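> For reference, the chains in residue letters:
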Amino acid sequence: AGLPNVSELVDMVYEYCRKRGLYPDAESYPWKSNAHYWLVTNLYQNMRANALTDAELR
Amino acid sequence: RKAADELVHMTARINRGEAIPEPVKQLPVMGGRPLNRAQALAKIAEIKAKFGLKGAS
Amino acid sequence: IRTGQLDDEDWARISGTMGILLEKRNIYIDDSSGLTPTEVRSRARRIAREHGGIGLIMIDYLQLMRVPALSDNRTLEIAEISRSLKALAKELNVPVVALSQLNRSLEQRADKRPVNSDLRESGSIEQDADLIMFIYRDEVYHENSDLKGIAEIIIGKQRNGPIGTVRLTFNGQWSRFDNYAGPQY
Amino acid sequence: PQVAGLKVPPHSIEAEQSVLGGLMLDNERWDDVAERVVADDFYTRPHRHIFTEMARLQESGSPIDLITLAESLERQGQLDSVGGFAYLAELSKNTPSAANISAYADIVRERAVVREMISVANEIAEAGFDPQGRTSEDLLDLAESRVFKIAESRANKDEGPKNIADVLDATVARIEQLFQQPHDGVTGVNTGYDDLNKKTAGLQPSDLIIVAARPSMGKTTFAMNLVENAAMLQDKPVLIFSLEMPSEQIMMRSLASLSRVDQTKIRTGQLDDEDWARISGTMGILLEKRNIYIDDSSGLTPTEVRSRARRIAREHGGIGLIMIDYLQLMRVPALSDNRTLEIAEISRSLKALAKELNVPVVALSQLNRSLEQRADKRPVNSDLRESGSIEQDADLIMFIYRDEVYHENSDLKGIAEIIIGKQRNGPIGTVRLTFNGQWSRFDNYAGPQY
Amino acid sequence: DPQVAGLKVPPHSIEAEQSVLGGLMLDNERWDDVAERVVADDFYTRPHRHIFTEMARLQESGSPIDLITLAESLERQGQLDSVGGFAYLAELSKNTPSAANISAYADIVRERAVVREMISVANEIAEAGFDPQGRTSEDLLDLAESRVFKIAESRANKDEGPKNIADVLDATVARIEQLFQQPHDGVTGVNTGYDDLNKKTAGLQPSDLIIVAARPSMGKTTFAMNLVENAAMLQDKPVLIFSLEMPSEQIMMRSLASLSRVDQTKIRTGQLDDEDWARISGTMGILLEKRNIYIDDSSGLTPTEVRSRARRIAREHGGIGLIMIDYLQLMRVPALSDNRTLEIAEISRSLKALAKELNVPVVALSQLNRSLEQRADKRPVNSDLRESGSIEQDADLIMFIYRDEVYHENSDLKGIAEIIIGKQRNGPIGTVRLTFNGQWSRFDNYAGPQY
Amino acid sequence: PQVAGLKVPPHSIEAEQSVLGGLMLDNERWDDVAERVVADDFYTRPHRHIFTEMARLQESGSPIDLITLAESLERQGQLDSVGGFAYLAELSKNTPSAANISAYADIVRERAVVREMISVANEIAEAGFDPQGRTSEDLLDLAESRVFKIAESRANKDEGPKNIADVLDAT
Amino acid sequence: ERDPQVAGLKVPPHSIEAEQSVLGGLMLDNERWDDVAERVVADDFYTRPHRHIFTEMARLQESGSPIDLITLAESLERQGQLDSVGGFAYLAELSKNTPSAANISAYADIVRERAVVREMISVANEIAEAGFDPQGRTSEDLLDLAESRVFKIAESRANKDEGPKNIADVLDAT
Amino acid sequence: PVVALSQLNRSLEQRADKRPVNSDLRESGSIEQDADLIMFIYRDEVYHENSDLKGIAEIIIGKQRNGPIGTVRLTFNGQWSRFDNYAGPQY
Ligand SMILES: Nc1ncnc2c1ncn2[C@@H]1O[C@H](COP(=O)(O)OP(=O)(O)O)[C@@H](O)[C@H]1O
Ligand SMILES: Nc1ncnc2c1ncn2[C@@H]1O[C@H](COP(=O)(O)OP(=O)(O)O)[C@@H](O)[C@H]1O
Ligand SMILES: [Mg+2]
Ligand SMILES: [Mg+2]
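Chains as they are written, first to last, in the authors' numbering: chain X, 118 to 175; chain Y, 176 to 232; chain F, 284 to 468; chain E, 19 to 468; chain D, 18 to 468; chain C, 19 to 189; chain B, 16 to 189; chain A, 378 to 468.
It should be emphasised that the hints constitute simulated quantities derived from the structure, not laboratory data. Among these hints, one or two may not hold up.
[Claimed, not checked] No more than 30 Å apart at the CA atoms, straight line, and that leaves these computed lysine-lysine pairs for DSBU-like:
no., chain 1, residue 1, chain 2, residue 2
1, B, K25, D, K111
2, F, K431, E, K216
3, E, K395, Y, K200
4, B, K167, D, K25
5, E, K216, Y, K218
6, D, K111, X, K136
7, B, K25, B, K167
8, F, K369, A, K395
9, E, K180, Y, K218
10, Y, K223, E, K180
11, Y, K223, E, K167
[Stated by the list, open to error] Away from chain D, derived, C-beta distances all over 10 Å, residues of chain B:
no., residue
12, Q20
13, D50
14, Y61
15, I85
16, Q96
17, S137
18, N140
[As the list claims (entries may be wrong)] Cβ-to-Cβ under 10 Å is the rule here; a few derived chain C residues that face chain D:
no., residue
19, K25
20, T62
21, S78
22, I136
23, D148
24, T153
25, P179
All residues carry an ideal CB built from backbone N, CA and C; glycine is no exception.
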C-alpha cells in the first residue's frame with residue numbers, strides 16, 4: 118500500500134491547490150499514481166464545495 | 176443521518192416480525208396495432224365521408 | 284390518438300364517440316387568451332341568448348385572466364375577478380367552475396394535502412366561493428405510494444352541505460376520473 | 019349600396035333562401051354547399067337554426083327534405099322558433115329547383131367575411147374609446163392580434179366560442195395532417211435528436227418550453243443547436259431573440275457548430291484549407307435556405323417580441339420556432355416595482371404568443387444558488403424560485419445537467435443529461451447526450467442505454 | 018357654440034405640445050428623455066411636427082436647439098414661415114416656465130396620438146367595408162392588416178428588429194476580414210497590455226461584461242488602472258473611468274507613478290530628484306498628446322446616471338473604447354434599497370445592457386464576503402460572490418485577484434499575483450501569474466519559470 | 019431677437035469667434051486666454067474642438083496659426099467635423115486683429131457659469147418630479163450637495179467626467 | 016377645465032386628507048400635540064386656513080389652554096379670524112369627519128414630505144428663472160442666491176436638535 | 378337599524394388567539410369609525426376538532442356606543458341553521 122499519511126496528503130492537497138491553475142485539466146497534473154489522483158481530487162472538490170477549514174480538511 | 180435513522184427503523188420493524196410489502200406497480204401499457212399508413216388514411220377518409228362537414232384538406 | 288397509431292376497434296370507438304357528440308351538439312369552446320371578466324360575461328350572455336340558456340360555465344384557469352386597471356396589485360385583481368365571476372353566476376343562474384393554482388409553500392409542509400390557507404394571495408376566493416375542491420394525488424409526490432391510481436377530492440369549503448374527502452380512480456391513460464370501486468370506510 | 023350606403027351590413031337574404039330551398043329540394047348537392055359555407059355565415063337566427071338542423075340530420079344518415087326537417091324540428095320544440103312549417107314551405111316553394119347553389123353559397127361566404135371585418139373594426143374603435151387602464155402598447159397589441167387573426171388564417175371570425183363541429187373538423191384535420199407526412203414518430207418540430215424526439219415527439223406547437231440550467235452548463239449552446247436543427251429540418255422561418263450576445267458571436271458559434279470546426283480557430287481566424295472549405299459549404303447552405311432571423315436587441319419587452327413575431331409571420335406566412343435567451347433579462351416597465359409580477363406577466367405573455375402564432379416558444383432561464391448546496395445537484399422544479407408561475411404555465415420544462423462541471427473526477431465527461439421536469443402530455447425522465455464544447459454542439463449519445 | 022356634445026376628435030392636447038417644445042428649447046439635455054417618449058408624428062399640428070423634425074436634425078448634427086439657433090437654422094432653409102415665425106417661437110420661449118415635467122407631457126402626447134390613430138384606422142376599415150368599390154374580400158383584409166400594422170412606428174434606427182441571416186453573415190465575414198487586416202498577435206478586442214492575459218482572453222471583447230473581484234488590499238484598483246492605462250496607450254478611442262472610491266488626484270498620482278515608473282511614496286511626499294522629474298514630464302507630455310482619458314469621481318451613482326454620462330461622452334467624442342467602474346458596492350438603486358439581491362441584480366442587468374448598447378467593454382470591480390478568510394484555501398471561487406448570483410449569471414468574464422503574501426507573511430510567492438478566471442463565456446479558464454510592483458502601483462508580465 | 023422676455027441660455031457666439039480669430043492671428047496672447055477660459059465653456063462642438071486642438075498644439079510646442087491648425091486637424095480626419103477650411107478662414111478673417119481678447123475671454127467665462135447654474139436647477143427639478151424611490155431627505159441632500167459643489171471655485175460643471183488636462187492641472 | 020390630467024400636474028404635491036386627519040386628531044386628542052409638533056410646522060400646510068388653525072392651536076398650547084373644538088372656535092371668534100378660516104361649520108366638519116382613533120404620526124410625516132418636495136421644486140424654478148433674467152446680477156451673486164435659497168429649505172426649525180455649538184457656548188456651560 | 382355583514386383578512390389567523398378585535402378591521406377603517414355597534418362571531422369547534430365547546434358560539438361586542446362590551450354565548454344548531462339561547466353556565 119503505497120499510500121501517504123495524513124500530513125503528506127494535506128501537503129499534496131495544498132500543493133495541488135496552489136499549482137493546478139497552470140494546467141489545462143486535472144489529468145495534466147504530474148500525479149504519482151491513481152490513488153493520489155483520486156484522493157487529492159476528492160479532497161479538493163469537497164473543500165471547495167463545503168468551505169472546509171484546516172481541521173475539517175485534516 | 177437520515178440513512179442511519181431509516182436503517183434503525185427498518186431493523187426495528189424486521190425484528191418485530193412483519194412482512195415487507197412488494198411495491199404496488201401501476202398498470203400495463205397494452206398495444207398490438209397491425210395498422211399501416213394506407214389503411215389508417217382509408218379510415219380517416221371514411222370518417223370524413225360519413226361526417227361530411229369536415230372540410231379538411 | 285395523438286400519434287395516430289390506432290387499430291380498427293379504436294377507430295370504431297372514436298367514430299361512435301364523434302357520432303354521439305355531433306348528435307348532441309351542446310359543447311362550445313373558446314380558446315382565447317388573456318380574457319377579462321367583461322369579455323367572459325359578454326360571450327356567456329351571447330351564447331345563452333343564441334341557444335336558450337347555459338347549463339355550466341368552466342374556466343381554466345383564473346390565473347391567466349387579466350384586469351388591466353388593477354395589474355399593479357395582484358390581490359385586488361383576484362378579488363375583482365372572483366366578484367365578477369360570482370355576479371355572472373348569479374345573473375345567468377348557472378354553475379361556474381373556475382380552476383386555480385396553489386402556492387409553492389404547500390410542498391414544504393409535512394402533509395401536502397391542500398387547505399384553505401394554501402389559497403394564498405386569493406383570500407377573496409375563499410370568502411366568495413360557494414364550493415371549494417382540492418385535487419390531491421399521492422403518487423405525484425411519492426413514487427413508492429400505495430395509492431397509485433387513486434385521487435382525492437377534498438371539499439375545503441361547502442356553504443350548503445358537509446365537507447370531507449371523496450376517492451376516485453385516476454386513469455391518466457384515458458385522461459379520466461372514475462368511481463372508486465375499492466373498499467370504503 | 020343603392021345610393022351611398024343603405025344595405026350597410028353586407029348580407030343577402032335571397033342567396034340564403036335560395037341555398038336552403040335548393041338543399042331541401044336536392045339533397046345530393048349538400049356536400050358542394052358544405053364546403054362553401056358554414057352555419058355561422060348566415061345572418062338570421064332562423065337560417066342558422068335550419069342549416070344546423072339540416073347538417074345534423076345529414077350527418078345522422080337522414081334525408082333533409084321538407085317533411086323530415088319539419089318532423090325533426092317539431093320533436094325538439096324548435097319549429098316555432100324557426101318560423102313554422104309555413105316559413106319552411108315558403109322556403110321550399112319560392113326558391114326554384116333549377117338553381118346554381120354554388121354561386122349563392124360563395125356569395126354568402128364573402129358577405130360574412132366582410133361583415134366580420136367590420137365587426138373587428140368596431141371592436142377596435144370601442145377599445146380605443148374606452149381603454150379601461152390599458153396602455154398604448156396594450157391597445158396596439160390587441161388591435162394587431164385581432165386583425166392578424168382576421169387575415170392570416172382562413173378568413174373566419176374572431177376568437178369567439180366555437181361549436182363542437184368546427185373543433186371536431188379541426189381535430190380530424192390535425193390527425194390527417196400528422197398522418198400525411200411520415201416523420202417517424204415526430205408530430206412537432208424535429209429536435210434533431212432521436213431520444214429527445216422519442217420522449218417529446220418533437221417541439222409541439224402552441225406550447226411553452228423552458229430550458230433551465232446553472233451558469234456554463236450549455237443552455238445557450240443547446241438552444242442554438244435546437245434552432246439550427248429546426249432551421250435545417252423545416253421550411254418555416256426561425257426567429258431568435260438574444261439579450262445576452264451580439265449577433266456576430268452567435269453566427270460564429272453557429273458556423274463552428276454546423277461546419278464542425280473548432281470555435282477557437284474561428285474566433286482567432288487561425289484556420290486551414292479544410293476548415294475554410296467546411297465554412298464555405300456551411301455558408302452556402304445557410305444562404306441557400308435563408309430562414310433564420312436574429313434580433314440582438316437589449317431590454318426586450320413582451321410587447322416588442324409579440325409585435326416582431328407577428329411582423330415576421332406576416333412577411334413569410336408563418337413561423338416554425340421562437341427562441342428567447344433569456345427571460346431574466348426581459349423587462350416590463352409598468353411592473354418594475356415587483357419582480358414576481360414582472361416574471362408572471364412575462365410567462366403569461368409568452369404562453370399567449372405561443373398559443374396565438376401556433377409556434378413553439380423556447381425561453382431560457384437560470385436557477386438559484388442554493389441548488390449547489392444539496393447532496394444531489396440535479397435540478398428540480400422547486401429550484402425555479404422567484405418563478406412559480408413559470409412552473410405553473412410551462413408546457414415542457416427541461417433542465418441541463420453536466421456532471422463534469424461540478425466534479426473533475428467525473429466518469430461522465432462529455433455526457434450531458436436533459437431532465438424533463440414537467441411534461442404535460444407525455445412521460446418524464448432523463449435523456450443522455452454527448453457534449454462537444456469544441457464545436458459548441460450536442461450530439462446523440464452513442465453509448466450503451468440502460 | 019360647441020357644447021359638451023363635441024366628441025369627434027378628443028385625443029389631443031395643444032398645451033402638452035407647447036410645454037414639451039418649450040422645455041426642449043429651455044433645456045437641451047432632456048432631449049433623450051423626450052426622444053424615447055415621442056416622435057415627430059405624434060404631434061397634431063403641422064408647425065409642431067416641423068419644429069420637432071428640425072430639432073431632431075439639429076440634435077443629430079450636434080448643434081444646440083435653443084431659440085436663436087433653431088430660428089437661424091430655419092431661416093437658412095426658408096422654412097421659418099411654415100412654423101409660424103420668430104413671433105411664435107418667441108411666444109413659446111416666453112410662455113413656457115422652467116417648472117416643466119416634460120416627461121409627463123411627452124407621455125400624454127404619445128398616448129393621445131396612439132388613440133387618435135387607432136380610431137382613425139378603425140374608421141377607415143369600417144368605411145372601406147361599407148363601400149367595397151369592387152375590391153374583393155382578400156384585398157380588404159390585406160388593406161386592413163397593412164393599415165393596422167403601419168401604426169406602430171418607432172424612432173429607433175436600423176438594426177432595431179430582427180436581422181436576416183444574410184446581413185449577419187456579411188457582418189461576420191467583415192469582422193473576420195477586419196481581424197485579419199491588422200495583425201494584433203491573437204488580440205481581437207481591447208489590448209490588455211499583458212501577453213498571458215491576451216492569450217487567455219483575446220483582449221477585452223466589446224459588448225461583454227467583465228467583473229474583477231478580490232478581498233480588500235489585493236489590488237483591484239491597481240489592476241483596473243493598469244488596464245485603463247494600457248487601453249488608453251494602445252488605442253485611439255476615449256477611455257472612461259467611474260471612480261466612486263478615490264478622488265481623481267490620487268488616481269492621477271498612482272497613474273503617474275505607474276507610467277513614469279517613479280516610486281509612489283516619493284510622488285506623494287514630493288521628494289523627487291531630477292531623473293524622476295524628467296520621467297514625470299515625459300509621461301505628462303505623452304498624456305497631453307493623447308488626451309483620451311476621462312475620470313468621473315462622483316459618488317453614489319445610479320445606473321441611469323452612468324448610462325447618461327457614457328452616452329454623453331460617446332456623443333461628444335465619437336465613441337468609447339472601455340468603461341471602468343470601481344466599485345459596484347458603492348452604486349445605489351433607491352427603489353430597491355430594501356433588498357440587496359434585487360439591487361445587485363438590477364445593477365448587473367443595467368451594466369450588461371449598457372455594455373451591449375455602446376459596443377464597449379465594461380469592467381466593474383466587486384468585493385467578496387468575509388467567510389472566504391475562514392476556508393483552508395482562500396483563493397476566490399464563484400460562490401464567494403454571495404448576494405450576487407446575478408453577477409455570476411450575467412458576467413461574460415470573471416477574474417479574481419489573489420496575492421498569497423497578503424495572508425501569509427512567510428509566503429514563497431512574494432511579489433507574485435494570480436488572476437484566476439472563474440468564468441469565461443467564450444473561452445477557457447485558468448490562472449495567469451503576474452508580477453506585482455506595489456512601489457509603482459503596477460502589474461507586469463511574469464518573467465519567472467512557467468509550468 | 020427682441021430680447022424682451024426671451025428665455026435663452028446665456029451665450030455669445032461673437033465672443034467665441036473673436037477669441038478664436040485673435041488666437042489664430044496672435045499666438046503670443048494664448049496664455050492670457052488660457053487663464054480665463056476652458057474648452058468646456060464653449061457652447062458649440064466646433065468651437066470646443068478648435069480650442070482643444072489649439073491647446074494641444076500649443077502645449078506640444080507648435081504654432082497655432084491657420085495653416086498649421088488646418089493641417090493638424092486634417093491629419094486626424096476631424097477637419098470636416100469642425101466645419102472646414104472655409105469656416106476656419108472665416109474665423110481668421112472676420113475677426114479683426116485689433117481686438118481685446120481678454121474681455122471676450124471673460125465673456126466666454128461666467129455665461130457658462132450661469133448656464134451650469136440653470137442646468138443644476140433643471141436637474142434638481144427633474145429629480146423632484148420623479149423621486150424613483152428616494153425619500154424627501156435624500157432629495158434635499160442631493161440638492162444641497164449639487165448647489166454646494168457648483169458654488170466652490172467653479173472649475174467646471176457640477177459633476178461629470180473631466181478631461182485628463184484638468185485632472186493633471188489639479189495634480 | 017376640460018382637463019383629466021393635463022393640467023393636473025401643475026399642482027404642487029400635497030395631501031389634504033393627511034392635514035385634515037392631523038387637525039382632527041389634535042382637536043379630539045390634546046395629548047399627542049408634541050408628537051405632531053416635532054414632525055410638522057405651520058408652513059408645511061398648503062392651505063391658508065390650515066396654517067392659521069395650526070398657528071392658533073400652537074399659541075393656545077403655549078398659553079396652556081385646551082385646544083379642543085370649542086376652545087379653538089371661541090379663541091378664533093374673539094380675534095375675528097373665524098370667518099377667514101372657513102367658519103364653525105368647517106371646524107366642526109374637520110372635527111367630525113376625521114376620526115380620533117387614528118395614527119397621526121403617519122399623516123404628519125406625509126404632510127412634512129409633500130412640503131419639502133414642493134418647496135424644492137419651487138426653489139429650482141426660482142433659480143432657473145433668475146438665471147434666465149440676470150437683471151444686472153453677476154455670476155457670484157446668482158450662485159450665492161441659489162445656495163442661500165437651497166439651504167433655506169432644510170432650515171427654519173423652531174427648536175429641535177440645535178446642532179453644533181461654538182466652543183464659547185460650551186465653555187460657558189462648563 | 379341597519380346590519381351590514383363584513384369579513385376579516387387572513388392576518389387575524391396569524392395570532393395564537395384568533396378571537397377578533399377592533400383592529401382586525403384593517404383596510405376598513407371607515408367601517409370601524411362609522412359603526413355604532415360591532416359584533417364578532419367566533420366558533421372554537423371550527424379551528425379545533427377536539428374542542429370542548431362544540432355547538433357553542435361566541436358573540437363578542439367589540440364596540441358599543443351606548444352600553445357595555447363583553448361576550449355572549451349561544452348554542453349553534455347548524456343542522457337547522459339556527460342560533461339558540463345557551464342553557465349552560467355563563468361567564
Ligand atoms: N472556446 C471554447 N472552447 C471550449 N468550450 C467553450 C468555449 N466557449 C465556451 N465553452 C463552453 O460553453 C459552456 C457555456 O456555454 P453557454 O451555454 O454559452 O453558457 P450558459 O450555459 O451560461 O448559457 C462553458 O461550460 C464552456 O465550457
Ligand atoms: N507605496 C506602496 N508601496 C508598496 N505597496 C503599496 C504602496 N501603496 C499601496 N500599496 C499596496 O496596495 C495594496 C492595495 O491597493 P488597492 O488596489 O488600493 O487595494 P484594493 O484592493 O482595496 O483596491 C495594499 O495591499 C498595499 O500593500
Ligand atoms: Mg447563455
Ligand atoms: Mg480599491
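> So, for every hint listed, does it hold in this structure?
Hint-by-hint comparison with the structure:
no.: 1; hint: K25(B) with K111(D); verdict: 17 Å, holds
no.: 2; hint: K431(F) with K216(E); verdict: 25 Å, holds
no.: 3; hint: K395(E) with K200(Y); verdict: 28 Å, holds
no.: 4; hint: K167(B) with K25(D); verdict: 51 Å, violated
no.: 5; hint: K216(E) with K218(Y); verdict: 26 Å, holds
no.: 6; hint: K111(D) with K136(X); verdict: 73 Å, violated
no.: 7; hint: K25(B) with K167(B); verdict: 23 Å, holds
no.: 8; hint: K369(F) with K395(A); verdict: 28 Å, holds
no.: 9; hint: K180(E) with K218(Y); verdict: 26 Å, holds
no.: 10; hint: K223(Y) with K180(E); verdict: 20 Å, holds
no.: 11; hint: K223(Y) with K167(E); verdict: 27 Å, holds
no.: 12; hint: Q20; verdict: 7 Å, violated
no.: 13; hint: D50; verdict: 26 Å, holds
no.: 14; hint: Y61; verdict: 16 Å, holds
no.: 15; hint: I85; verdict: 43 Å, holds
no.: 16; hint: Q96; verdict: 32 Å, holds
no.: 17; hint: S137; verdict: 8 Å, violated
no.: 18; hint: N140; verdict: 4 Å, violated
no.: 19; hint: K25; verdict: 5 Å, holds
no.: 20; hint: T62; verdict: 7 Å, holds
no.: 21; hint: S78; verdict: 6 Å, holds
no.: 22; hint: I136; verdict: 8 Å, holds
no.: 23; hint: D148; verdict: 7 Å, holds
no.: 24; hint: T153; verdict: 8 Å, holds
no.: 25; hint: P179; verdict: 4 Å, holds
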